[PDB]
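Single chain ahead, by itself, as structure tokens, in the form solved without the ligand.
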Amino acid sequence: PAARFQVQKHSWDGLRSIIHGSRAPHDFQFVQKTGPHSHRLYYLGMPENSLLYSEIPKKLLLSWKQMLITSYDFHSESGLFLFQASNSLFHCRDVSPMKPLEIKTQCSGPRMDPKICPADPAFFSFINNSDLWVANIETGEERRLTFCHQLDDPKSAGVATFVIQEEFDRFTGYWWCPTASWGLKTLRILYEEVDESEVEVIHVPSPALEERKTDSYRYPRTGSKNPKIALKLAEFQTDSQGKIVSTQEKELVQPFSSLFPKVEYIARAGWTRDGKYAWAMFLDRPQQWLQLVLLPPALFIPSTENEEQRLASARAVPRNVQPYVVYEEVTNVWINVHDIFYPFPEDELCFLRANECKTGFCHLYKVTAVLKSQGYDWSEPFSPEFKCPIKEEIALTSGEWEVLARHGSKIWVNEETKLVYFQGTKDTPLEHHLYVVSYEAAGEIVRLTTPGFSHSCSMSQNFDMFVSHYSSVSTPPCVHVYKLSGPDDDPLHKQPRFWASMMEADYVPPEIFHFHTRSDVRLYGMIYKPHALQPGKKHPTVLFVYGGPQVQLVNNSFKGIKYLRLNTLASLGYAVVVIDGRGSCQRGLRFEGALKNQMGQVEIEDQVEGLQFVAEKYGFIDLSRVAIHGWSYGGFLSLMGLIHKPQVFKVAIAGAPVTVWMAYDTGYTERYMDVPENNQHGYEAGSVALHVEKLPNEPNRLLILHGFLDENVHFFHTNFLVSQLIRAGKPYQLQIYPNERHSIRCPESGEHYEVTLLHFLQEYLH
């Protein structure tokens, strides 16, 4: 009877008194001294996120020396720092602090995407009004290279399109060539042509509500056309006085569309160390194919509107020269883009490659391809091809665990010692650890980071130092510094000794658990226990959710910062439960591949099963009083829960829900759900706005939160749901966040979000 625990009710000022009561170093660069200190670490920090440093001794908490910013570019030899601070451009070279030298300009608009020329630090680049610009920090001489820009000005150059930034995690459309050819010189830049003419335009309202205007995004929805892309060279010569004597636009000797048919997106691109070949990863529209291709500079002829003077150049391209397809990946699930690709320094290329499609788990391979120069008439056109034969493909790691290559995880390769350092899950899926392996000999795989914590690491250029940014479910986050030390004749077994420390430590942490499904698959989970529990009492329960691809909620690292509100929920007597269902990240391709063409359907069984296991193991779950809650995919799932499982889920608080997959973009949806023409059944099944008939008849069971300015998940989603709820005659409550986009950035808006949530549960979880 009174066995079940009623949550203490509160006035609204009470609840926002409760919530108001509630309320790290990165981008490291190691450099040696050559005195008392061995190196100097450069990094970003926020003790306002500015540039800082520390001093590493020869013989303890390192102090944070001020030097003077989301990012910056560094150059080893010259010691040049180049960053986008203010709404302007700044630099400085490197005991006491120095104020940044401002780089004055003639162009109007911001200077996006600043990078320094590696081959010559006097030079550097930036975007301006969708075109590429060279400059010189010494002389101050600026100059435009691309000429695409002039509402219907579609062509752009050096820019990564909407879907490329948001769904392929790439934020530039240009890459410096790392060497020069010669008292004249020259410097090249690979860059990306983009005609966004075919792409559909969406209107979203801007920050300034007062002036009642909208911005004009190019938003390619699924089935609709993506932008038309191409690779290109942009050369420019210089004399000894640092003067841009001339420039050139360079198109491929044939079209990119006919050389490389079946290429839909440019996931990544770059250059070989020595500067010889340029490379790029190309993907197809299904995203079930990914070839990595070398493009020689001689393959690029100058651009001219004169067809005779082009055939002059198109005849002078050597017949031996061609693009080389060194690698190719193929799957029936989906090729996730893995950043890792390390070419070694001529009738063959040796490189490393992250490859999940082979065995099912991302692992490092050493691969040698063979560049059979094949003879081609490039003044004449044609179409298929360039798939080189593979000389060998030695597999350096294997098992049922991952090498981390996404989310800007990276490898580090010492060529002297023949060792490659990586990060992976080998020990557990709950902890990101730092491994080393030889690349000659796929031998034993030594770990450097101690278990019990999930680590986020960065190695020194000289492979002598490394930093780790680790944390556990219970303990707060530390940033320690380690120094690899031992006999040089045995480098694979260098012992990481604790050298120094940079960061250190009403919250009760959750405890992690696992269980098995009725189909015998291990799912990890997490639970916040009701604070000051009385064993015997069944408390009411909030099931927090995401359950979409590209994510892992449950893992062994500190949650108290981002998910403080789950602790707040638990401090008032709620049970907060979190389950990673089939579909979630970090446990291989098959596990995640559960989602394929079937979104919504597979994810709730695992969540229902999660709760019931929680309720048997732990003796405090009143299953009559359960609330499902989440944002984006989770808001989508909160509504699916309330449709598919109303017996289980009493209320639902759906934040930013994807309510119509057909209105969502290509990049995300096609990867997982195919094209609406091919997978109609699945698109309709997982569109919650087409199943509003099954939502509750009674009110107080469904709350909709949506940020008005949402660039990514458009307010249209909530607005089309309310549209359908009104037609179906179903009740709904609604909260709007007028100044918020996808995340709630403003503390005030967030306090209001959390207070509403508490009240809603308080009043109506009964």
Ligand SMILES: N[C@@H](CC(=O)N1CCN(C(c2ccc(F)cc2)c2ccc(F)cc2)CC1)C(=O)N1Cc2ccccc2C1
Second form
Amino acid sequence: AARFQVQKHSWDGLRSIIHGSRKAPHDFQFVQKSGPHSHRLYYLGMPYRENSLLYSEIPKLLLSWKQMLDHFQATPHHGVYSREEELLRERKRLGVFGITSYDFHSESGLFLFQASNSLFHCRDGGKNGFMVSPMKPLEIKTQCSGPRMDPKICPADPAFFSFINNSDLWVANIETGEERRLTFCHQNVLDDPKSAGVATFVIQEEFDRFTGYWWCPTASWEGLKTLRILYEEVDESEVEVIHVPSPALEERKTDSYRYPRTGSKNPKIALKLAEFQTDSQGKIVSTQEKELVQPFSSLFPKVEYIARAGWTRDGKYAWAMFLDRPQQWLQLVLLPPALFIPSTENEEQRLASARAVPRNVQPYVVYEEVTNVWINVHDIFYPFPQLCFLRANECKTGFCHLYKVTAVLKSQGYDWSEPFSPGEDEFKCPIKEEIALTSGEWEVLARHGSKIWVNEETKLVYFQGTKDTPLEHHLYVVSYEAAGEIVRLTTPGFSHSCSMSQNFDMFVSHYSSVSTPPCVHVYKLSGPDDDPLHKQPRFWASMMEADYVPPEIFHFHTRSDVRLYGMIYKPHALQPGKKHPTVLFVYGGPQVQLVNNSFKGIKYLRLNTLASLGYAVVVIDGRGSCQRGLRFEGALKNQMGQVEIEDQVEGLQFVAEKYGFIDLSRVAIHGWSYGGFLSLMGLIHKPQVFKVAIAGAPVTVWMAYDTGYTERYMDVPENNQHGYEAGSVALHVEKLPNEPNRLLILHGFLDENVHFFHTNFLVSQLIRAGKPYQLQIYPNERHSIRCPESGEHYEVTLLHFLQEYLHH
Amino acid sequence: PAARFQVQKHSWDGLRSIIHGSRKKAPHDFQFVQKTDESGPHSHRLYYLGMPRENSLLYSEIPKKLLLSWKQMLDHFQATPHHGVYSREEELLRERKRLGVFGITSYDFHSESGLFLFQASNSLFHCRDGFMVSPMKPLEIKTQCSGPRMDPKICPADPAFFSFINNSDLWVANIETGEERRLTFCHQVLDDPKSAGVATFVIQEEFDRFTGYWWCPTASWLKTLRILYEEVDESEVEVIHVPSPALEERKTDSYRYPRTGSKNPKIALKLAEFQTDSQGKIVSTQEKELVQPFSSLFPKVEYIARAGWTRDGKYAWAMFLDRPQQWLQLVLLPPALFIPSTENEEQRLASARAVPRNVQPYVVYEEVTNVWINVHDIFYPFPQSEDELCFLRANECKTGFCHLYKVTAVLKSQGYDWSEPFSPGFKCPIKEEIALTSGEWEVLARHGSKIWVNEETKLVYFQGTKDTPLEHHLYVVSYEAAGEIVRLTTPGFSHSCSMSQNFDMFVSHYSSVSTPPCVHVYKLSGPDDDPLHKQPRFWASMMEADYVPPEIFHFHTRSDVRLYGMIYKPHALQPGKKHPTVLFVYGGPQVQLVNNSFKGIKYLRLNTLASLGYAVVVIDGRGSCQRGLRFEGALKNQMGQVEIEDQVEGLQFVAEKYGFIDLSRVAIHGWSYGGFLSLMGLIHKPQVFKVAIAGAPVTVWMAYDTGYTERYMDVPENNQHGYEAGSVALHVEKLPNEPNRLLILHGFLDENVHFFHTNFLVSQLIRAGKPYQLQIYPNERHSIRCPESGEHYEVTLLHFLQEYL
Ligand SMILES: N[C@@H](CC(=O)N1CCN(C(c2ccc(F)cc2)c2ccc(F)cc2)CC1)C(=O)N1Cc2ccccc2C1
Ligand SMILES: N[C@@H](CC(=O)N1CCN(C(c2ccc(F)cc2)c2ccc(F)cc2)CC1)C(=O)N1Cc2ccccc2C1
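May I ask for the structure of the form solved in complex with the ligand now, the form solved without the ligand having been displayed?
Now the full complex is given, and it begins with the chain already shown.
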């Protein structure tokens, strides 16, 4: 007997093992100042209790985290956020209490942020003066009833700010205390589907747009001072309703949600302007709804989702990213303000203001990305003033790179009075030039809050990328004038998450590795101004510094001739010759890479606990995995739960050969979300390989998941019958084991993303087919698991399931 | 040692095939009809419901001079909707009756015209029965109404007419002409909180009332026809969301569910009148309300338990209950007391002044208790002959055991000024109150048990436990002379009987522990001058019939109270061996599991447990039914606290008497109240019960309804000790830290005991760091209807005991 057996602990024993195991700066703002301190870094951070507004003093060495707010409890009673704010917190996966974000205006020193019920503000820097003690944070009153969501200061005038209240755009004035509503879409459950300024469910969940309104950066002076706001109008009437249990479990009630199924209708959408004029006293004189001369649905037919939007820096154009329903055709459009006429009741009136719109004014479709895989929504779009602009683009080569583009704004001339339906490419601009600023078998980061910082003086664009290796994020500088020598600025051996000064003199880097915890360091760009590309990142100061054996990154190749990366958590105190029981950790879906060179000890602590007890833990980024360019991701197209398991097994057999200690007779597939889907999919296809499976929040019916995600990867149901049925674990329950203790199902009862239905439908089908199952519900938890108590029970149940049942 | 019996360990495949091997409705709802032919071969025709598939309308012939043929009334016909799926109001009415049988569950019948009316298919149907021989096509009744037509009833005064609820309003129609008139206007969910003719949730779930209107038996001469009905308003009653059966649709349904301590609905009695002419057309209609408001006349009344009319049509009647369910009264309501309802207070006051001073509410009977009022069906008004009112009434409160009393109350007209509003706080004098039955036993009056009163012979036939609590028997006693009670059904068996209107025959659905049921038709024969002593002679039979019956036993407790039990022996027992034991439990009020009737249909899984060598013990402890109010009252305000002692007491007695109980391997298990006591067993007696498999448990009494919880446990404001003491969710710290000791089973669609109870239990288990196993039933409410689920339920149960006991 050369097989290693784990110590079988009692339940109190396992509880103490988990309890024993469990016993950073972000959102930076560089403001320059002559005393000892050159800059001030404002930021959000959580010291050794809750997240809050902090600052450090950059001198001329570890920086102190100075408190900016005075004895301020930003989090509510216990931590009970409002119904909308906690869903806003689930969409961003914000699992920290306190001030999650803040708006800032660098000229005035105005900070604006949510906390408890109301909004708050405090003034610091510039014309007010720098505090050297915690400031009293001032409340802003309202006579709006409910919560005030999505605060943003007016860029053109710091006296004004905006917010959503009851699904409508509001505008207020900090100084005078005045409020004014601008949209009137919302008056009710089904009875009020109308909404303005909001990003609807799918847009938040699947497209990562959490706002639906955009201030104009500049103010015009017609004929008073006018301030415009671009905003998405939304109409969720024909979108199917679904009921999900309230966290008020004692109430025994649910919430209506406009949840689009794959195939079913997405909300009807439009962009609208909201103007308003002000005087010297700062009072709102007049307000106006404006809409597009022709309807949004006819100017841009076959457009389903507004991915992104904003303005140009001059305010001469609003813009948006448009997507088609299959998400294979993206467009960038300029919408000039003169194309918007005041929304009016009368047929006689609506043509008068239409006639008044110039023939020269039109929508100019600047850029258009096309593919056979799918469009990923890349954030990067920097228009220069006058059209020249920087854009990220993956479709062209198959890898996300920066291009510089010049578009020709030639006015064809249009009869805006008489009703107009366009041809195929009616608005496409001539692309004058398109320069490849970056190129290669690697990617520029443009999603999940990655961004470029463009310095106009030097003609350099700063960006993050995988140029050295997929395992590491790094900061790179390149010229957009001359696409030439890219210079790496972050030191190798680590993965960096950086943020730049607006002056381009300092920068912060939050960085880590597999073997080392995270650090947050401030680096000064030094070197003469003769050649600005090649300024050395001089280490200036440190914000943060620094049982557990870390895992080892490794790599292998397939019979199809391609690199897949993996990770191994080595069994603690390993004897060569002994073979250990193996927990294969899984996710395997798109938008995720688990195998990279960064510290895993915080989020994936349980994997090291597993390791501490004797388990081999293996992670494999198979085809579909993120960071490897479009074709690598595209391997899943209309075949989810098919390609993934075969390279999960390939990575496990490889691990058996490279390392000495795997027992392939005792392997356990486990993952949450997509991982749970794959766990269930592993036990269907490879029961010979996987003795047990712990599947958590799986999708069992693809039909029951939404438009945005599903249709991007698996097409519409009517177009992909085979793939929907092949990849839906609930329709293949006949192929789950007849042996009990081989499948443990986990699901959150409040899960608003992947609904409990999937499990409820899997069990329904398991019972029908006559199949044993174990199940664990989390009654107070949604897609993730926030409450510690719940988390501990999960981990204790995990160790007990593997202990008793992953055997022989 | 080798004394411990170890059950054969089977694979999950093995268990499924054992369970599959296990599984491999009787006549009811009788109607006697005399043939009216002196020279013909048949004396009677029995009409009834039954199976071969679907529960369809059948009939048998009773010859004058032996199995009877089950003749079908309908021409093939399909009563069940395709794939066996009913609408909302049909399915949630079947759950309240626990109707788990396909097809026609009930019919109305009119014995003058031979007119049958029944809710079949997704509509209404009718047929007439000269007397047919071969089947007939039942005619579908047309309608322009949108939704389901619920609660169909023939108008007793005129078989041309009938009624139904439609969108929670009362409608009247005519099977001859086809004309349809709506009578009430309460409705157009949440937005529509009013309703008329409808029995609300708690009225159905906890009070055994399903109809909310009552035809007047006579018509007064055009001719007019009255209908009594409960007008109801659920605005102030809390709303809760329960998952629809359309799981694929992922929507809940809103119920009006009054949790304990919350408001019940505002209620009232109202009349609905409509005149007709010689050609059958409805001429006019009229809403009518009580001349004084309902809440001022009969204050402190919370639930309308039962209602109807006297046979003459003179007085309507109702049984009223107070919120703590300790005070019941039977009120007479003459039609005179109700006036045309109008918004014009001057037009209404013209009607108010018009109602005479003599007309009045007469509170006839009244029942006071310090335990609780159980709602009993039996109330028979005799016809008023020779200002006063004689009637028969069942009454548990007087002695503590339910017995028939003949009562005469004085209806002395007081005199009231109905025009000017007043507020009292009607009590009739009782002229006499004779006990017709007495003793330490009981007359059956809940759950559709009834008397049959023959006025020609002055006798009252009834169902009771006079001989033994283990058997229901048919008795006859005179109501003139409270004398000799003669038994008509033979001992050894429990019986479910039903009488002829001419009192010459009866059917008896009867059975025993040892023997499967039979439905036998008997004839009452003997001299007519001595009617009490008719010998019941066997006339004919309509039905006859791996199993091993249990044996009933009794033991006494430390307090000297006699508790009955059942035990299933392990099959092919070897004296010496000590077997692992499954204590099957219910333990709540309103149920008796231990009696002398067949168990093998409903409780086959207990024999299946026995077939694999498990001991199965069942004990009816204090709080259980059929033994009078004292015995039930042992629970009052102490649920979860008394029950397990008797259960453990019966379990120790069982290990003594029978030599085969290994007390080291006892598993407690039950559904509903049973699963609650299973959890309470694992908390209070963990040394005694190694595992608990608890199904559909109430884990927070504070979350269960008004009707049930308040009756036994009081309002939470008055009993915070007992609520907390008996809520298993608050005592989770005391549950085991060892895994494999607690399996939780619950129906996801449960609209009675909500899945919340399980949900909230797991929450508290997770907080305490306690292990559990769980199984959901996605397409199941409180009971497990679907075969596949039940099989899965049984395979889990066996595997769980096998692995972990
Ligand atoms: N719409 C997607 C979204 C998705 O697939 N993702 C996982 C979450 N993820 C963020 C994250 C949040 C919280 C946390 F703890 C970790 C990651 C993230 C990732 C990288 C990063 F830098 C910052 C945040 C983004 C990608 C979905 O909900 N499902 C769940 C699910 C379940 C079954 C089948 C398909 C899908 C598809
Ligand atoms: N309101 C009570 C009502 C009750 O206690 N009863 C159950 C229904 N029962 C009928 C029945 C039908 C079919 C079947 F399969 C089982 C029972 C029955 C029994 C005998 C008979 F002749 C005719 C019908 C009558 C009594 C309740 O449900 N809970 C559920 C529950 C669960 C936990 C705690 C308290 C309670 C309170």
